[PDB]
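Undergrad: I would like the entire structure built from these sequences, with the hints used as guidance.
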Amino acid sequence: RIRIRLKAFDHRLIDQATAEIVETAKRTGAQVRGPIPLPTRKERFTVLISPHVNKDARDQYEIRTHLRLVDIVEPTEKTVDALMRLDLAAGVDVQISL
Amino acid sequence: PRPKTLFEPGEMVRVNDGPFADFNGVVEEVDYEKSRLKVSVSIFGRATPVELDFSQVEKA
Amino acid sequence: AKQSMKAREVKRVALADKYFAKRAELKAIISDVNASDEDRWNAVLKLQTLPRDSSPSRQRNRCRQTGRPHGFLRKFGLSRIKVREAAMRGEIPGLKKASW
Amino acid sequence: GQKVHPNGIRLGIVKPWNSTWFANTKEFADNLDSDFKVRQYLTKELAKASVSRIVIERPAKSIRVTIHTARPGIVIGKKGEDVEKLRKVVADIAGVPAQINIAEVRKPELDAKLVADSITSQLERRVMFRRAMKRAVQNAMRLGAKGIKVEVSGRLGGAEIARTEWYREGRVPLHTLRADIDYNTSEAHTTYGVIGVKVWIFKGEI
RNA sequence: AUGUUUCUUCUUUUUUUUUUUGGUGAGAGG
RNA sequence: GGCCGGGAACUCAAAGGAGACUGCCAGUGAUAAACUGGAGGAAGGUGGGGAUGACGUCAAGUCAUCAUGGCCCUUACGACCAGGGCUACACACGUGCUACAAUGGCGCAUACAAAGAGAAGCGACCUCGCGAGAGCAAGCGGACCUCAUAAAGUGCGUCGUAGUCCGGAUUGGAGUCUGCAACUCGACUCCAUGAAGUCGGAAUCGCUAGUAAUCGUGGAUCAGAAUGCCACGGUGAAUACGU
RNA sequence: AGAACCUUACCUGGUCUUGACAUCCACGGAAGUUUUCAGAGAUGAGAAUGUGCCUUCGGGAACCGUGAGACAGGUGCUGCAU
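These protein sequences, in sequence, are chains A, B, C and D.
Residues 5 to 102, numbered by full-length UniProt numbering, are exactly what the first sequence covers, in order.
Residues 122 to 181, numbered by full-length UniProt numbering, are exactly what the second sequence covers, in order.
Residues 2 to 101, numbered by full-length UniProt numbering, are exactly what the third sequence covers, in order.
Residues 2 to 207, numbered by full-length UniProt numbering, are exactly what the fourth sequence covers, in order.
Treat the hints with care, since some could be wrong.
Unchecked claim - DSS-like mimics (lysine-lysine), calculated; alpha carbons at most 25 Å apart, straight line:
no., chain 1, residue 1, chain 2, residue 2
1, D, 80, A, 11
2, C, 7, A, 11
3, D, 199, D, 16
4, C, 76, C, 3
5, D, 204, C, 97
6, C, 97, D, 38
7, A, 11, C, 76
8, C, 12, A, 46
9, C, 98, A, 59
10, C, 98, D, 199
11, C, 98, D, 16
12, D, 16, C, 97
13, D, 38, C, 12
14, C, 3, D, 45
15, D, 79, D, 45
16, D, 199, D, 135
17, D, 4, D, 45
18, A, 59, C, 76
19, C, 97, D, 27
20, C, 7, D, 27
21, D, 27, C, 98
22, D, 45, C, 7
23, B, 180, D, 62
24, C, 76, D, 38
25, A, 59, D, 16
26, D, 38, D, 62
27, D, 38, C, 7
To be verified - Sample of chain A residues with no beta-carbon within 12 Å of chain B, all distances over it, derived:
no., residue
28, 20
29, 34
30, 46
31, 48
32, 52
33, 56
34, 60
35, 68
36, 77
By construction, these hints were calculated from the structure, which means they are not laboratory data.
C-beta: ideal position from N, C-alpha, C; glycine also.
TA: Here is the structure:
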């Protein structure tokens, strides 16, 4: 029920960053409704690489913003106690959805 | 009595229940029909948007 | 661009946050299905009492790094030549070559 | 009109970024420009300190600044004395609390930026580049680098035309994505215009 | 078939770190 | 009504691996490399596409992104404001769009996408409105909500080779929203109008497959303003004797 | 990657110059906010009201005006000085 929505850039980091909150929630609640995939936005950009004419030369840039869900099922009064102020992975913006 | 909980969008609130107790935040969204306030707590920097009841949090 | 041009923008920033979006009720409610007599004439004309350069439509769009007029990108908030040198320097968190 | 940036295209497999955080679309420009002034003022504050790269990690409502230098003492000042002066003003620039942190590199003859600004200090004090850029090459060949190419361009030597010269020693596989390459740029302002320097340093695998 | 003139040089010397288990009450020995 | 219990194989989703390496067979080839078929296989000779662009060439382009040696102005070539111009018009060229119709146009009924965008932002629903839109206002700071009810396709009716139910430029009138502001100089809409043009001379361009062609959608830019540019998916060819 | 104004670097014309914008120094004035307006607007003439912090209260920081200047500024020329 209690959703936890993850947001990051480094997809090779978020699977361990969600694993860092899996282990923080496993030893407390013992029931977590999985690391759901949650599709990622691919914000596409294109830029004139020249500082002038020849609008044929361009470079394409994108940012895959990856999402996850943790979704703590039961609100036993020790699970969230081990979550608030006890997280990590600087650069991975986290959020609850409840 | 101490029952202050009314918070509109952008209004700061106070949490005194659950692990989010002793923390303040703002209510980005409100739900009078569901009797729930959408406020996030600055936990480890990142805002932690969580739903708290009017009695679960106090108006700031 | 010009140091003269970048100064006009922040001056027109100071008009867009003091007068407009705050004294914007001059057209929001009073220039509608309300009293459509010549009191509604006082709605459109008092909007002219505020300066012309105060509207958010007047604040064009300029880069923040160098202030180039054209080739702007809203996401990065800065000019197209400046988003690329910072892409190759490794400044925007996540821009790699889109080679899909 | 060729040769796209080495530090540009490796940023998903070899080398990390220099600003690692996530901010949404409303505050993406606000986060980015604040990074630009903490890179401008700090390099301005620590020009002589031989700083190569700066890492900016914001976990939201905070900023972890990392400074990679070959001169640790000058960066930290006297046991952190200059850092607290920065702490008052780095937090004043980005408008957010700043946890200043310091890293280091042991071999400045293998870090691209440290090789490049060295020739910048050389060529702005009126020295011959031919044995100044040769100096940097023979430095890295015996310091553990598998290969290094150094390029200088401009109207060097006081000449009328822009004589350009490049020189390498060892492997520099620019195309190979498996090949790590340390590359950075620096420019020198003499009275003979601007002389830009570019240097590539190859190390190895994933 | 045709496409003006004149019209572009090299040094070889240059380079410091490094951090300044207390109180109270009683008894006893000299 | 996947709407509700419920299910975890499936589509899908997001991570990590398996997999295609001339690895196996046969002929050919100097017991070479390798080539031409066959087998198994989702895929086979770099599977398809993309990024990636060697020293140098034009002493190519940019001093107008920015940086910068000179050179020069500094009651100025610097600066501030209102209005105009960049859109002006005998004429030629470049690049596109709409068409010249019958595998076509108009009306009715109905099928099938992908990808992307969204907070002083996208906007259901209901309601006034022929229409552009307006009022009240769900939800959604987002696989859930919305933009957003795809187009040819098909089934049928129907016009009948005509400058005409083709084409719709231009022109008059009445209005819609954005914005201080639509006159010079926005887009759009309703009613009216109805041009040239009836497949294009010398010459020239693109393309070898999910390509050409054709159809519709989305996006960045953006107060507003695409037929352009950048992306997406639907439909789906011909020919390659050969140097 | 989109000129109605802005953009805009151009023209007609109205104005201003240690200045549209920055560092430094001198003295006054907090800053701010509301209103009448000269005029096309700029700028200028004003009229109310407010006069916050540090107290080294004989002054700093935040900030506006006035004065002297050292300067600032240039989408001005040279891409064959770079």
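Undergrad: Against each hint, give a clear statement of whether it holds in the structure.
TA: Here's how the hints hold up against the structure:
1. A distance of roughly 38 Å separates the Cα atoms of residue 80 of chain D and residue 11 of chain A; the hinted pair therefore is violated under the 25 Å criterion.
2. For the proposed pair residue 7 of chain C and residue 11 of chain A, the alpha carbon gap of about 36 Å is over 25 Å, so the pair is violated.
3. The hinted pair formed by residue 199 of chain D and residue 16 of chain D meets the criterion: a straight-line CA distance of about 19 Å does not exceed 25 Å.
4. At most 25 Å may separate the alpha-carbon atoms for a hinted pair to count; residue 76 of chain C and residue 3 of chain C meet this at roughly 23 Å.
5. Restraint check for residue 204 of chain D and residue 97 of chain C: the C-alpha separation of about 22 Å stays at or below 25 Å, so the hint holds.
6. Straight-line distance between C-alpha atoms of residue 97 of chain C and residue 38 of chain D comes to about 23 Å, which keeps the hinted pair within the 25 Å bound.
7. Between residue 11 of chain A and residue 76 of chain C the CA atoms are separated by roughly 17 Å; this keeps the pair inside 25 Å, and the hint holds.
8. With a CA separation close to 37 Å, the supplied pair residue 12 of chain C and residue 46 of chain A exceeds the 25 Å bound.
9. Under the criterion of a C-alpha separation no larger than 25 Å, the hint pairing residue 98 of chain C with residue 59 of chain A is consistent with the structure, at around 18 Å.
10. Between residue 98 of chain C and residue 199 of chain D, the direct Cα distance comes to roughly 22 Å. Compliance with the 25 Å bound is thereby established for this hinted pair.
11. A threshold of 25 Å between alpha carbons decides the hint, and for residue 98 of chain C with residue 16 of chain D the separation of about 14 Å falls inside it, so the pair holds.
12. At roughly 12 Å between alpha-carbon atoms, residue 16 of chain D and residue 97 of chain C fall within 25 Å of each other, so this suggested pair holds.
13. Taking the CA atoms of residue 38 of chain D and residue 12 of chain C, the gap is near 21 Å; set against the 25 Å cutoff, the hint holds.
14. At most 25 Å may separate the alpha-carbon atoms for a hinted pair to count; residue 3 of chain C and residue 45 of chain D meet this at roughly 23 Å.
15. Proposed proximity of residue 79 of chain D and residue 45 of chain D is supported: the alpha carbons are some 19 Å apart, at most 25 Å.
16. With a C-alpha separation of about 14 Å, the suggested pair residue 199 of chain D and residue 135 of chain D falls inside the 25 Å cut-off, and the hint holds.
17. Of the supplied pair hints, the one linking residue 4 of chain D and residue 45 of chain D is violated, its CA atoms being roughly 30 Å apart against a limit of 25 Å.
18. Between residue 59 of chain A and residue 76 of chain C, the direct Cα distance comes to roughly 22 Å. Compliance with the 25 Å bound is thereby established for this hinted pair.
19. A C-alpha spacing of about 21 Å is found between residue 97 of chain C and residue 27 of chain D, which places the hinted pair at or below 25 Å, so the restraint holds.
20. With a C-alpha separation of about 22 Å, the suggested pairing of residue 7 of chain C with residue 27 of chain D holds against the 25 Å cut-off.
21. Pair hint residue 27 of chain D plus residue 98 of chain C holds up; C-alpha atoms about 24 Å apart against a cutoff of 25 Å.
22. With a C-alpha separation of about 23 Å, the suggested pairing of residue 45 of chain D with residue 7 of chain C holds against the 25 Å cut-off.
23. Annotation: proposed proximity of residue 180 of chain B to residue 62 of chain D holds, straight-line Cα distance about 22 Å (limit 25 Å).
24. Between residue 76 of chain C and residue 38 of chain D, the direct Cα distance comes to roughly 18 Å. Compliance with the 25 Å bound is thereby established for this hinted pair.
25. A hinted pair counts as satisfied when its Cα atoms are at most 25 Å apart, and residue 59 of chain A with residue 16 of chain D does not qualify at roughly 30 Å.
26. For the proposed pair residue 38 of chain D and residue 62 of chain D, the alpha carbon gap of about 18 Å is at most 25 Å, so the pair holds.
27. Proximity of residue 38 of chain D to residue 7 of chain C is assessed by CA-CA distance (about 17 Å); at most 25 Å being required, the pair is judged to hold.
28. No Cβ of chain B comes within 12 Å of the Cβ of residue 20 of chain A; the nearest lies about 17 Å off, and the non-interface call holds.
29. Every C-beta of chain B lies more than 12 Å from that of residue 34 of chain A, the closest at about 17 Å, which supports listing it as non-interface.
30. A cut-off of 12 Å between C-beta atoms confirms that residue 46 of chain A is not in contact with chain B; the least separation is 23 Å.
31. Consistency note on residue 48 of chain A: stated as away from chain B, and its beta-carbon is indeed over 12 Å from all of that chain's, at 26 Å minimum.
32. For residue 52 of chain A, the shortest C-beta to C-beta distance to chain B comes to about 35 Å, beyond the 12 Å cut-off, and the non-interface label holds.
33. Distance to chain B confirms residue 56 of chain A as a non-interface residue, since its nearest Cβ pair spans about 42 Å, more than 12 Å.
34. A cut-off of 12 Å between C-beta atoms confirms that residue 60 of chain A is not in contact with chain B; the least separation is 43 Å.
35. No Cβ of chain B approaches the Cβ of residue 68 of chain A within 12 Å, the least distance being about 20 Å, so the stated non-interface status holds.
36. The beta carbon of residue 77 of chain A sits about 16 Å from the closest Cβ of chain B, which is more than 12 Å, so the claim that it is off the interface holds.
The earlier numbered hints that this structure contradicts are 1, 2, 8, 17 and 25.
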